[PDB]
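**Student:** Chains A' and A'': place on chain A using the hints.
Residue strings, one per chain:
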Amino acid sequence: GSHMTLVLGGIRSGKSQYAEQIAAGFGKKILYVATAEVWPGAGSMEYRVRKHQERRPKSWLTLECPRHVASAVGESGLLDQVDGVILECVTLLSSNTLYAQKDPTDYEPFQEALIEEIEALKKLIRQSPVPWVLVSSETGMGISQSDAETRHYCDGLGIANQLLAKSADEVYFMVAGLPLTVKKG
Amino acid sequence: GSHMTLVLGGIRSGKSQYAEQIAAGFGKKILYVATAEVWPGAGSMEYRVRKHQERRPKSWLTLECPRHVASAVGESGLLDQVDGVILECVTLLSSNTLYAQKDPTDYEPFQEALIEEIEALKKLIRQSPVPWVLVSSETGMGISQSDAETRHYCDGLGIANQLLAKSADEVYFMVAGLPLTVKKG
Amino acid sequence: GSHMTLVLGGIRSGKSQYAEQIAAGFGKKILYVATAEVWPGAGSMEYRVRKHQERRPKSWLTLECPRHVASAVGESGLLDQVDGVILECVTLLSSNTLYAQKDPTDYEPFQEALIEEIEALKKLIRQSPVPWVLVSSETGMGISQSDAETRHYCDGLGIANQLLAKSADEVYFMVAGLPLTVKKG
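Residue numbers (the authors' numbering), protein chains in the order written: chain A, -2 to 182; chain A', -2 to 182; chain A'', -2 to 182. A prime marks a further copy of an entry chain.
Please keep in mind that the hints were generated in silico from the structure rather than gathered at the bench.
Ideal Cβ placement from N, Cα and C applies to all residues, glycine included.
Heads up, some of the hints might be wrong.
[Said to hold, decoys possible] Here are some chain A'' residues pointing at chain A (derived, C-beta under 10 angstroms):
hint : residue
1    : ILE140
2    : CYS151
3    : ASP152
4    : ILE156
5    : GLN159
6    : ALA162
7    : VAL168
Just chain A, same shape as in the assembly:
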């Protein structure tokens, strides 16, 4: 019955699997909103993405939008054709926003753009006829103070997660594949 759920956790914390279970709880027909871009060459996410697509249930729909996510989802009209939505993921949305900027070492343009994306998503989810689960990462519990771009990314993603968690009806923090309830109405 949760209209908006945020699932966050570390690298290999089981957060995607848990979010997908939640989404399957919405209904048979889920919209999978994918924000990762598949690059050519070294460092490509192509293999992981292909295996994700292969394992995806056949009744689910996939929308690939690395940026302007609320705009793209809304104008697709698919929210009226599905039972619920899973957004995978805020981590890559934040990265896409950072590297779209002229100078990744400048915090302000990146932060303003990322907050705009997040507020547009909040607004769309508020109006959405179907529930959403969003996947994001915790990246702020180590020591990443080496370069300005990494510090800026960590700050901006932390702020995005704060905004989403505040709007979300339920928030889960994954530890080794198991959920800790952080927020539940």
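**Tutor:** Frame of chain A; chains A' and A'' shown alone:
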């Protein structure tokens, strides 16, 4: 009614805002103990610090002491003139202690000095007529094994947080701006 | 009454002390399974290991096996001679497995070998006449995307922790020396 509260969390986890809410719960007149030094030049924390000071309630008092914090707070006499204290923050107290040492690659002098600071704070808070909330960081849940100074910092801050959490009446761990109760009497 | 317990947390999070308390709850005679190798030269863990051995209760038994841990424990026959087991630790088991591979920048051989170790441990613990507590690290909540070997390690350790946490009867996540219950029957 909590005499000593520890609030810790990652980068941009909402821990300062939550600690300030707790402190406002103490009374109108709060002593803000600030351990960050404002440097000249690049990498200065001047902008963030100025905005912090601008947003601070006008009835609060500010004491800037980067080192020997218990000594400085105690000899100021301000504990008898306020309703409660917020210490911001243990992360920078630990950094100040590390870089005050002759050789940051040597673990023992840094660790002994930091434990001395923490024990002096524990003793002062035990004697304090007003409650305290302390802000600190979690930095041990990534991979920071590159240089000796960073490993030493992570160890020492972890030990400081263990000591404080053991003494504290309440301990909160922030996830995306929301508190998880780790300890509550 | 917990047959298998997983204790994980960050650097200097109190996880070893908490696991040792749990193990002492098993009985007087505990098997300490140590996976760290003591190297000669710089970066050696010799000092920490020696102090660990000095503080160890005299009725405990120590088995040093950096690899093929389930095989070594099982063929020692010690499970029939003790009250319980503490495995210290999965972090170093994963590191030992990574650096035993021909090319640490290749994810697949490392991952397959580590999963084999973990499944062998799961099988042994399932058959064990005495309970186990296992110590592991959370390393996935920072930003470690710099080199392939570190990313691979983080992924593999996360997967190992997921497998263990799924099999474990109880799972604890340490924050500043205090346990958060993640799973308890």
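**Student:** Determine for every hint whether it applies to the structure shown.
**Tutor:** Do the hints match the structure? See the list:
1. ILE140: 4 angstroms, holds
2. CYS151: 5 angstroms, holds
3. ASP152: Hint holds; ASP152/A'' Cβ to chain A Cβ min 5 angstroms, cut 10 angstroms.
4. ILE156: The hint holds - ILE156/A'' has a Cβ within 10 angstroms of chain A, the shortest such distance being about 6 angstroms.
5. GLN159: 4 angstroms, holds
6. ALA162: Because about 4 angstroms separates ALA162/A'' from the closest Cβ in chain A, which is inside the 10 angstroms limit, the hint holds.
7. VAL168: OK, holds: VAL168/A'' within 10 angstroms of chain A, min 6 angstroms.
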